[PDB]
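A.B. asks: One-letter residues, chain by chain:
Number of protein chains: 2
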Amino acid sequence: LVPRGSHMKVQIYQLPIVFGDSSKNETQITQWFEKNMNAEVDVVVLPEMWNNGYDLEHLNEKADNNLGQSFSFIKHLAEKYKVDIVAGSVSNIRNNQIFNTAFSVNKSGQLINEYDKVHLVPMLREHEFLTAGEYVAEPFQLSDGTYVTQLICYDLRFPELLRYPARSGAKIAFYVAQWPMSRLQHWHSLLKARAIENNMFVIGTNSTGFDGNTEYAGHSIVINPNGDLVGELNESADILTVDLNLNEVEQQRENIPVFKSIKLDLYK
Amino acid sequence: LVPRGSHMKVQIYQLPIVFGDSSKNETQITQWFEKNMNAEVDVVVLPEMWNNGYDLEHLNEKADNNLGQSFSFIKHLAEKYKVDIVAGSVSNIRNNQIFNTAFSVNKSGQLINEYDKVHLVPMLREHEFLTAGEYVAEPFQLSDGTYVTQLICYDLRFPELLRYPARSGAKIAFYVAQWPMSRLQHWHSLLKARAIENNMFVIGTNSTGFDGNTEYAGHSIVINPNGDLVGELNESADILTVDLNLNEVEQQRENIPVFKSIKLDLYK
Ligand SMILES: [Cl-]
Ligand SMILES: [Cl-]
Ligand SMILES: [Cl-]
Ligand SMILES: [Cl-]
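Chains A and B, in that order, give the protein sequences. Sequential numbering from -4 applies to the first sequence in my numbering. Sequential numbering from -4 applies to the second sequence in my numbering.
Each hint should be verified, as a subset may be incorrect.
Identical copies look the same in the list; a pair holds intra-copy or inter-copy alike.
[Said to hold, decoys possible] With a straight-line Cα cutoff of 20 Å, these simulated DMTMM-like cross-link-like pairs (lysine to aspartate or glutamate) come out: (1) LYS255 <-> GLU123; (2) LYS75 <-> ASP139; (3) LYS263 <-> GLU133; (4) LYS258 <-> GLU121; (5) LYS19 <-> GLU52; (6) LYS19 <-> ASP233; (7) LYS255 <-> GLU129; (8) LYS4 <-> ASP139; (9) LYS4 <-> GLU243; (10) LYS255 <-> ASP111.
In short, the hints are calculated from the structure, not lab data.
Work out the full structure: start from the sequences and follow the hints.
C.D. replies: What follows is the structure in structure tokens.
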């Protein structure tokens, strides 16, 4: 053991999300927590759209309502294992509109974050079935007090969304995704730059497998504030356990103080 | 032959910039044009601060005044060699304030861009000598009509500065630098992500060698809209010649239409 206060042990579950089946998805997650959880794990990370996957045409019926089913499911697991869960995202109906809603729950079973994906793919029938988020991603604390941020899949292409959480003090950016195999290089390259430009840890938690339409990339990855690899996965399903040296954030921010030079009001 | 606007041949001059000596830097540049130019080259790119390098304490006496020396020097080369020159940047005085001023000149001797570096390096103590720019980087046209943008060194760490020129239609981002060897990984990782997130060509033109304080990386590179390597150099002083398939920009923008999803009023 290392004395507490400078590290965080993270498990990334690179799950093969079942197309349009919330009960098979919930069973798989329960089984992954049972097989993999230990007293030393601080945070578990789940991929994007873990309840129904990309079964967009059936979300009008299959999606959750006000995170009812998904929050209760995650709260039960968080409390049972006394662990924080950066609970990917879920297809969620709110006031007769379908959102791609990310959320996190702490070890005390409290909802700590809720965020609807701001950036819809104007190609992936996402404009046909989903509604774009109307709020920025806000920094929030994990159980150790560490400020973090949670963004979803396509959001990775938008450097603007991470700037506000980074300058507010966020130390870890959790990107939750179902990133295609066809754009694997983009996934690693963008996550690495998000880490460097904001001097912070970046965790990319991706899904894997084929859903009858799209082959997902797998290849979940952890990048430190310097842009160096902490740990990674391949295409196949598995868990990734990393121990993050949190001190590297303030160290990187002292060495390359980008936010002392930012010109917020100038950029067009 | 291919229709005008679909192709461009670019030469990148990875020069070892002489510390605080404008006359020797001009002699070296003239020698490189004489030795390297040919009738097929459309654009020549120089590194950042090519007149005095980083001799900050002597800029009050050594810097140019209102681009007088630098513009006349470059106008002569652009007109003699019938080529566009993305003239890196120079230490430049305006009303007793010293700027790091990038400029470009077309083959007809016209000044086509003037940009004062917006992001000064506090660790290099640039704020004690230089004045930060008051304007954004504006897209400008090269002789073939292609919209491009010119950014300086430390600007690379600020993703915001490239967003407006890219959404305005810029196809090439020219980053002109004196990037240190100690941050080589950051140079490659950031240039690659700027290309991907904006679906455009990125040309990183860097200096090389040792100025008596810092070892510069060299490693100039060209990245296509898909994030793939077009061409690159190593540490050594050399010229990089690349052929750009400009049609790749609009093709990439059609395939990954990020600016149809951008939420300009939302971001904090
Ligand atoms: Cl001027
Ligand atoms: Cl001509
Ligand atoms: Cl041209
Ligand atoms: Cl730097």
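A.B. asks: When Cα atoms must be at most 20 Å apart, do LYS4 and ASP139 count as within-copy, between-copy, both, or neither?
C.D. replies: within (11 Å within a copy, 54 Å between copies)
A.B. asks: How do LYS255 and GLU123 come out at 20 Å by Cα distance, when the copy is not named: within, between, both, or neither?
C.D. replies: Only across copies: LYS255 and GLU123 sit 15 Å apart there, 42 Å inside one copy, limit 20 Å.
A.B. asks: When no copy is named, should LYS75 and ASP139 be tagged within, between, both, or neither for a Cα gap of at most 20 Å?
C.D. replies: within (18 Å within a copy, 65 Å between copies)
A.B. asks: Between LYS19 and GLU52, at a C-alpha cutoff of 20 Å, which is it: within one copy, between copies, both, or neither?
C.D. replies: Answer is within; shortest intra-copy Cα gap is 19 Å, inter-copy 68 Å.
A.B. asks: Can you tell me if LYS255 and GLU129 fall within 20 Å by alpha carbon in one copy, between copies, both or neither?
C.D. replies: between (29 Å within a copy, 16 Å between copies)
A.B. asks: For the identical chains here, do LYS263 and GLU133 meet the 20 Å Cα criterion within one copy, between copies, both, or neither?
C.D. replies: Close across copies (10 Å), not inside one copy (22 Å); limit 20 Å.
A.B. asks: My question is about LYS19 and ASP233: at a cut-off of 20 Å on alpha-carbon distance, are they close within one copy, between copies, both, or neither?
C.D. replies: Answer is within; shortest intra-copy Cα gap is 17 Å, inter-copy 59 Å.
A.B. asks: Is it within, between, both, or neither for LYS4 and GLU243, if the alpha carbons may be no more than 20 Å apart?
C.D. replies: This pair counts as within: shortest intra-copy Cα distance 15 Å, inter-copy 42 Å.
A.B. asks: What label fits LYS255 with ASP111 when the C-alpha limit is 20 Å: within, between, both, or neither?
C.D. replies: So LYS255 and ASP111 pass the 20 Å test across copies only (18 Å; inside, 30 Å).
A.B. asks: With 20 Å as the alpha-carbon cut-off, assign the pair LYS258 and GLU121 to within, between, both or neither.
C.D. replies: Result: close only across copies, 16 Å inter versus 34 Å intra.
Hint violations for this structure: none, all hints satisfied.
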